[PDB]
Amino acid sequence: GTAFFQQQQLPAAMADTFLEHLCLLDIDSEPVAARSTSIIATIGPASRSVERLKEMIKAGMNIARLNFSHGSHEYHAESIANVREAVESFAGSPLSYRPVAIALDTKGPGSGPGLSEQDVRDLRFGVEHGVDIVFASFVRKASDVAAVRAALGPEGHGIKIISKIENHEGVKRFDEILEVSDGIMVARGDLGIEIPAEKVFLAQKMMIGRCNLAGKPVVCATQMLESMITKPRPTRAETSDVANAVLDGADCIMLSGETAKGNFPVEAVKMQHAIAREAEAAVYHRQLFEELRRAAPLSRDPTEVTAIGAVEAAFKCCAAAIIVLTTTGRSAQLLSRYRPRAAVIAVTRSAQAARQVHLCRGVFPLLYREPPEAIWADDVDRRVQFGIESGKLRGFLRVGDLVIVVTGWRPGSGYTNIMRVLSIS
Amino acid sequence: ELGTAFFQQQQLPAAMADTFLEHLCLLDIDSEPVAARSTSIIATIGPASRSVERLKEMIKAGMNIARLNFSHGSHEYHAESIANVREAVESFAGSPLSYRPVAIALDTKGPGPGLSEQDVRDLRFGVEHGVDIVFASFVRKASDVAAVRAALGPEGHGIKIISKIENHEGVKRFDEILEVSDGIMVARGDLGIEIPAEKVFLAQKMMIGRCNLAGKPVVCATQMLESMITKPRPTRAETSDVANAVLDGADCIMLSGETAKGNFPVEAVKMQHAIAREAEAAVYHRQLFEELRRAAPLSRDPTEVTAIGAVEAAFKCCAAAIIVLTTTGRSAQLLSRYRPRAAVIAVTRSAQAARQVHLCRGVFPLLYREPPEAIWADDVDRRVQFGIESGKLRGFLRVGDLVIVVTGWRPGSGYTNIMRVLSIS
Amino acid sequence: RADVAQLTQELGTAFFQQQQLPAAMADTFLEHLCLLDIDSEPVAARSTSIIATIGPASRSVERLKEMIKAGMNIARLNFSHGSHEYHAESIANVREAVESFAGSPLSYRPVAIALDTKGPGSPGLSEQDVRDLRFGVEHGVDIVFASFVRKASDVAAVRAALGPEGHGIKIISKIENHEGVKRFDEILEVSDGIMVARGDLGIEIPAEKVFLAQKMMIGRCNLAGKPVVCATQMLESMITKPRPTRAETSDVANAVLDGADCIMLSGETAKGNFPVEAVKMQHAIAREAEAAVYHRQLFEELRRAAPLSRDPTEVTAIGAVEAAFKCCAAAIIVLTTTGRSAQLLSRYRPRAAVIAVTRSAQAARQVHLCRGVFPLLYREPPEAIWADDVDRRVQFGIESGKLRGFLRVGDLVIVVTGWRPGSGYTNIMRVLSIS
Amino acid sequence: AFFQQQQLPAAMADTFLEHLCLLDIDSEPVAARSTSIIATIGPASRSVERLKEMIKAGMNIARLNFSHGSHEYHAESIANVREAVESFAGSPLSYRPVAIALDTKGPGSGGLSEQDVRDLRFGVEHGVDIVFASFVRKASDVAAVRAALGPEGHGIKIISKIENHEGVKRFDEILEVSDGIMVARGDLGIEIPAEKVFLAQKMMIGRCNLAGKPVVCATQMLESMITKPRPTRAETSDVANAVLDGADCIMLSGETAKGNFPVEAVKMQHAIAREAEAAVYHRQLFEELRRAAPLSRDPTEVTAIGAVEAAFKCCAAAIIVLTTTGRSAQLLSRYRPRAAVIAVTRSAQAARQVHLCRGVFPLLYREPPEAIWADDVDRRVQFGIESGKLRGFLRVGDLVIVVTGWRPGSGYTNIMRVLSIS
Ligand SMILES: COC(=O)C[C@](O)(CC(=O)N1CCN(S(=O)(=O)c2cc3c(cc2O)C(=O)c2ccccc2C3=O)CC1)C(=O)OC
Ligand SMILES: O=P(O)(O)OC[C@H]1O[C@](O)(COP(=O)(O)O)[C@@H](O)[C@@H]1O
Ligand SMILES: O=P(O)(O)OC[C@H]1O[C@](O)(COP(=O)(O)O)[C@@H](O)[C@@H]1O
Ligand SMILES: O=P(O)(O)OC[C@H]1O[C@](O)(COP(=O)(O)O)[C@@H](O)[C@@H]1O
Ligand SMILES: O=P(O)(O)OC[C@H]1O[C@](O)(COP(=O)(O)O)[C@@H](O)[C@@H]1O
Ligand SMILES: O=C([O-])C(=O)[O-]
Ligand SMILES: O=C([O-])C(=O)[O-]
Ligand SMILES: O=C([O-])C(=O)[O-]
Ligand SMILES: O=C([O-])C(=O)[O-]
Ligand SMILES: [K+]
Ligand SMILES: [K+]
Ligand SMILES: [K+]
Ligand SMILES: [K+]
Ligand SMILES: [Mg+2]
Ligand SMILES: [Mg+2]
Ligand SMILES: [Mg+2]
Ligand SMILES: [Mg+2]
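Residue numbers (our numbering), protein chains in the order written: chain A, 1458 to 1882; chain B, 963 to 1387; chain C, 413 to 847; chain D, 3 to 424.
Source of the hints: derived by calculation from the structure; they are not laboratory data.
Ideal Cβ positions, reconstructed from N, Cα and C, are used throughout, including at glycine.
Watch out, some of these pointers could steer you wrong.
Cross-link-like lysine to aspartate or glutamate pairs, in silico, DMTMM-like; alpha carbons within 20 Å at most [what the hints assert, rightly or not]:
| no. | chain 1 | residue 1 | chain 2 | residue 2 |
| --- | --- | --- | --- | --- |
| 1 | B | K1134 | D | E20 |
| 2 | B | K1134 | D | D28 |
| 3 | C | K594 | A | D1485 |
| 4 | D | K260 | D | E78 |
| 5 | D | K215 | C | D415 |
| 6 | B | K1103 | D | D26 |
| 7 | C | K563 | A | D1483 |
| 8 | C | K653 | A | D1758 |
| 9 | C | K563 | A | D1485 |
| 10 | D | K140 | B | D990 |
| 11 | D | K171 | B | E994 |
Every beta carbon over 12 Å from chain A, so not counted as near; a handful from chain B, in silico [stated by the list, open to error]:
| no. | residue |
| --- | --- |
| 12 | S1013 |
| 13 | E1042 |
| 14 | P1058 |
| 15 | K1071 |
| 16 | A1109 |
| 17 | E1156 |
| 18 | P1194 |
| 19 | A1272 |
| 20 | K1278 |
| 21 | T1290 |
| 22 | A1313 |
In isolation and in its complexed conformation, chain A is listed as follows:
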């Protein structure tokens, strides 16, 4: 229908130049796709209540950030427990259950050279409490990441390390830091004090571009909706900042004082959700997919090869979703790096992977709880149907939609190799 092609900035998406794309942007073209940029909310006194955390999960919070610069281990353990209680209160309905990752943000090495002794103790606390992600403060070189990795020990091998770039050295040694990190955070607060304030946007845009090229998650952080700490509505500069972080290519956007200590934590999450949805429809996919495709090197890894085939197939038919089965989240991450317009519905049995895939733009995790079927192909089919039924319930899919289904040839991680075109019945 013509109405379908007027929504989600589709006239602007068909443009032959970026300039014509901008000219075709329409404030009356409503977003239809699910919001794909994850929201990280910092936990604090304004957002620790189990009832308030349920409201924040409903508003769109995907990752709960524990800022280890404030509070003791006992404070952070109560934070984790309240987060988990609010998250599990929705587990009774598996088709709508929303996993929420827990991220530990370290205090950092102040005047110190390597990992501080408080960071070693906090990192071990994170492993003991099962945190999914570490936002490592003031990462200046590859050896800082290795030290964080070593402090996590053998039991924390699965924890994702997102390096926070907060100073000139981190920006200059960015390539070597990205190579050993799982992702990056553009920590604009310290960065804006360490380098001239008028240069932070160059560092943000460069880091987001390089992370998009590398296919690794990038978070835009600090003062995105600052005035909402005290005011019910943000400034014109703040909504523009959130929209531009999404247009830049950020996988995640963050709220600090806005959720940790402010008077409007739920509204700040709702505002980021509303802006991100509008900005995602305004992305010029024609140029973006072409440039990601051109820049990505050749690969002999079947997961990487299946991912680009599936993203190309999704664009060809305007697929509502790409449903992928994943154990570690890697197959969903490889789909996400090509920035499909189609939602990537990731079905997994790993509760940790379901939480961690929120780092990748456009990945919607579904935690599958059923015990395995005796026939492996039936187990695969049951999981795919769970993705379809959840997708229908949540509004991602309707009967008649085309979906791309990504699976593997045998059980266990690392064997994704199949792409299949499916009609929703």
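Starting from the known structure of chain A, arrange chains B, C and D with the ligands on it as the hints suggest.
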């Protein structure tokens, strides 16, 4: 892994270029072609190429389609030539490395206003003798194609109709002719008499471009190696013409008097084979695939969606081949329209589809004759492995190579929807 | 590397590390972002004009001299506040601060005066707007920022209220509501330019949609070759704090990257504790953002979207901008009476500064609306031979350019002139080497 | 109607594929033929009357093959060419200059041969404009030809013929010291596999276009026309593809030297080249030439790109340029404008040599001088406009781009002007 020597062959430095101009500048006479020749050679069978022994030499030299010109000879003469072609083709049923299907094409005498009486009788002869293709002379409008289609009786609806555009009217009404035809032949002999000789190249390039856009086969014909009727080597203009027909986007190249009456029929086939191989490596796939992709409309047909995903996957890993299971040839034709560098190995049970897919550039048919397995998934696997083993035997594949496999979810034509990435073991 | 090798050996590797030149040579926008370098210092003069709203914090002649030195190009007088007497005194103080630098014509900086109307409030032009518009004509304002423009007839009403004596005043239509956005094309057609008035726009339409309206309007104005201003809350927190937030610097940079010709300061300069520091911050961000513009795609897209033209000024402008990019020209010196020849150069977004030499004091103030235009007011009486008068004006631009650091010995400059006196005859482009 | 002619619908296409799809056999070429025709002069094309017919048919450069004939024979051919050329000098607004090119025998079994030294000396003595140097294998071969031309042959253009594997492999070093290149397909097709010649041709044409130096496509382009009145389908395609590849010149050898249809072969090349030039996809070509061309601080180079950009912006009928050596016209030609480059020169040699550059139409200025240099320039510019009007390039109401310098003498081009005709 593949080595620097691999990336110096088949014009790979010219293929990585960012502009067409830089691509031309990087063309290297020392960069040897490695891929199998993908543009089919149509040879006109006449007194110089009629004998079974001469036909075996022409099959070995590269002839894919035998053309019988019903403007000359008689029904009895052409039936004997057809029987000699089939005898020479079946003499290789012993060695899988030498057995290659050869299509039989009937070229009509032509039109008075509508279809001629002789054409009706010749078309009936073609149906009775099981011809695969009809090259319909002097097609001027859509109703001419409908008349040929009606003349293909109750038993010849599977025969492909390739409309020969030979005059101003055919050029002007090209779009309506292409819409109802299976393909087109740029019949340059009559076209060069009907319109100014200096305009034929415009008509050739336009028709090849529109056929490439439509995903329908296009043949370049007449005087390609004319001087080889009497001389053992062609002129500089002739080799250039063959190379440029391939670079233009032609699916097939043809030999007329060169093979029908000339002194060097086998040498003319060998020359077309040598030039086509060199020209195919010189194709600028980066721009071609992007333009075919951009111009092709969105599709909700799973075969079309799977085909673009498979071609994208093949380029990503430098796949040696795309193995496709097809009954009518349609799934192989849809892969061919995106012009993959990978060979499209089409595994089929249909002897007719195996001969007809020679019309599509880059399609290597394999006729499968094993009895169907009781379990459909095992029958599919047996055919996929047949494509791999024939590929290994013929030099398309080696252990460790990556192949793309295109299949459907259920038996019968019209259900292709799966693309798998396979490692050759 | 071959397309820059000889120029790299000549100008040096240090030259090609500055002003985001490695990012500018990128083949894709993605690679351009990846090559952005915080250590690549801006060299070019700041080309996006700063509009500062004048109020109690920025009214004194001494404070205005500091704001002119910090980079203020246009002084805005908001007729929603104050009075005729109050605004006349602010205007006189702006003119006194501006003329304190007139002693040296080779370095003098013109400042435009813009009147922002109160608006229609609760259908047509209000009676207060008619009186304020008349005040503007009587006080010789250069620009009118017309509030709440909703249709083409609103701009015709403002034009009529300016009368025959205000024919030269530029009308910049403020788009502040849904109707203005929907009828944008008809409004732009009859306006001299547009202002994305985000304060009211953010109340009239959902706050999360303002960025779509801003980006669309800036893109359409860039396509039309007409000035566009980004306004409201750009550095809001600087009303009370000496440093802005991370979102505020980002907003200023993104307005410039979007294609805005001007950026504005409202409460930041009208009532804030740091008016000069707010101007300095906008200046610092705009210079960094201008160097980060991906000119390769921008110039190609402006060129591809612009229709063919038989107007020699339009034809000369694209030839001059192409020539400037080819040699990395330090400047394009253009002679203009109305500012139009400089505006046509500005629409192709050259990296080279457009030094506009004019005898019209009003055109010198008004060209601040066009990105990258640096006005030079020529005060000498005309030479007897017209060709010598033209040559003197070109040399005035070169000497001012050398004195201000815009030009250096060895630089190439593009000079744009016409074949006969009077407006509308620009048709010549010359390549000159600076000695 | 203007936008239906000269493949303008195909020129507005957003992709090369859509450009091909929009090519129309009914879209007639309007622009003057840009690719020069080189005709080999021999027994079939030696008479003054036959040469007048060949000049009228479109011959721009007369080639004398020093592998055949003798010094006396070639001197008589040269005198006949000059007599046929000067028979049109009575009307200076329509006079067509014709270059004279000497094609050397080559080194054969051996540096520069002794016959080549004598033939090169003959060329200097007879005032030839160009040398097509046979079997150039390396940069030192070009230096040897340059030395054999001596001080009196400082201004003869050396076009290196690439005829073997070594010439192809050492192409970059040869192009660097040569004025241009000839893709000599006859020997090249014997020296390397015949099926690889198209790769060498396309590579060399691309590199010469990149370098802004003339490239000639040669041998067997219309071979069958040696005995038949019409060419084959492969032959017309070859001529069209050489033009679409980016060749500045196309050549006729036996077709004009010994063939039964020399005038018809020239007419056929003219007809094909005109059709192929309109079919060029300028949108991609100009963009790629622009992107690949390096940044420059030379004002002639800077003015040239500004003038070509301005010409495309207004659909200028022509770019009128004043040149002494032909260099300013060559720098305009390298950007492949659709607008004709009308080069007004006082140098008879530069007028002949500038036929090597695609789209350059030389006008030999023989009008009285103006006392004021500024008046003399304006007169040479109005001369371009009167010749352009007479020859069909320009009409009243057309826009032209005029390229001049700031001071007399070569090397000072720095001005571009937009002018309305009459
Ligand atoms: C004025 O004759 C014409 O009609 C001109 C003509 O060009 C035909 C025409 O004379 N041609 C075009 C074809 N070539 S051909 O490709 O070499 C050719 C030859 C033959 C045969 C087919 C064929 O294509 C053949 O089947 C045959 C059968 C039995 C004995 C001999 C032959 C035979 O010689 C010969 C020259 C046209 O337009 O066809 C309608
Ligand atoms: O993204 P990952 O972690 O590589 O997981 C992909 C794996 O998931 C699957 O689709 C399903 O595997 P399981 O049955 O073990 O869950 C495998 O076939 C595939 O290899
Ligand atoms: O190209 P076609 O004619 O549609 O044939 C493709 C068909 O071949 C298959 O891959 C195999 O089917 P069969 O087992 O019937 O041969 C189907 O699943 C698919 O629909
Ligand atoms: O930009 P505008 O307003 O058209 O002015 C450009 C005009 O300025 C000139 O360069 C100089 O003209 P004046 O001598 O009138 O100042 C004219 O030749 C040209 O027409
Ligand atoms: O192309 P060339 O050889 O550099 O010649 C261009 C020269 O021609 C002119 O336009 C006219 O010069 P002349 O008056 O000497 O003929 C010069 O101003 C310019 O330097
Ligand atoms: O650490 C942070 O979040 C910062 O500095 O912005
Ligand atoms: O019929 C043909 O093949 C022709 O006319 O070229
Ligand atoms: O009117 C204004 O300036 C606004 O609304 O921002
Ligand atoms: O010398 C030549 O021209 C050739 O060999 O083609
Ligand atoms: K912290
Ligand atoms: K026939
Ligand atoms: K106001
Ligand atoms: K010779
Ligand atoms: Mg910090
Ligand atoms: Mg025919
Ligand atoms: Mg307002
Ligand atoms: Mg030779």
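Verification of the hints:
1. Between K1134(B) and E20(D) the CA atoms are separated by roughly 17 Å; this keeps the pair inside 20 Å, and the hint holds.
2. Annotation: proposed proximity of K1134(B) to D28(D) holds, straight-line Cα distance about 9 Å (limit 20 Å).
3. Restraint check for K594(C) and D1485(A): the C-alpha separation of about 9 Å stays at or below 20 Å, so the hint holds.
4. For the suggested pair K260(D) and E78(D), the alpha carbons sit about 16 Å apart, so the restraint of at most 20 Å is met.
5. With a CA separation close to 17 Å, the supplied pair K215(D) and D415(C) stays within the 20 Å bound.
6. Of the supplied pair hints, the one linking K1103(B) and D26(D) holds, its CA atoms being roughly 18 Å apart against a limit of 20 Å.
7. The suggested pairing of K563(C) with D1483(A) holds, with an alpha-carbon distance near 18 Å, which does not exceed 20 Å.
8. Distance restraint check for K653(C) and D1758(A): the Cα-Cα separation of roughly 53 Å exceeds the 20 Å cut-off, and the hinted pair is therefore not satisfied.
9. Straight-line distance between C-alpha atoms of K563(C) and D1485(A) comes to about 18 Å, which keeps the hinted pair within the 20 Å bound.
10. The suggested pairing of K140(D) with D990(B) holds, with an alpha-carbon distance near 18 Å, which does not exceed 20 Å.
11. Distance hint between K171(D) and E994(B) is fulfilled; the C-alpha atoms sit about 15 Å from each other, no more than 20 Å.
12. Annotated as non-interface, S1013(B) keeps its C-beta farther than 12 Å from every C-beta of chain A; the closest such distance is 48 Å.
13. Under the 12 Å C-beta cut-off, the non-interface status given to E1042(B) relative to chain A holds; the minimum distance is some 48 Å.
14. No beta-carbon of chain A comes within 12 Å of the beta-carbon of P1058(B); the shortest separation is about 27 Å.
15. Residue-level check passed: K1071(B) sits 43 Å from the nearest beta carbon of chain A, beyond 12 Å.
16. No beta-carbon of chain A comes within 12 Å of the beta-carbon of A1109(B); the shortest separation is about 36 Å.
17. With 12 Å as the threshold on Cβ separation, the claim that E1156(B) sits away from chain A holds: the shortest Cβ distance comes to roughly 37 Å.
18. The beta carbon of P1194(B) is kept farther than 12 Å from every beta carbon of chain A, the shortest such distance being approximately 42 Å.
19. Not every C-beta of chain A lies more than 12 Å from that of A1272(B), the closest at about 6 Å, which undercuts listing it as non-interface.
20. For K1278(B), the condition that its CB be more than 12 Å from all CB atoms of chain A is violated, with the nearest at approximately 5 Å.
21. No beta-carbon of chain A is positioned within 12 Å of the beta-carbon of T1290(B); the least distance is around 19 Å.
22. Residue placement check: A1313(B) keeps its beta carbon more than 12 Å from all beta carbons of chain A (closest about 29 Å).
The structure fails hints 8, 19, 20 (numbered hints given earlier, in ascending order).
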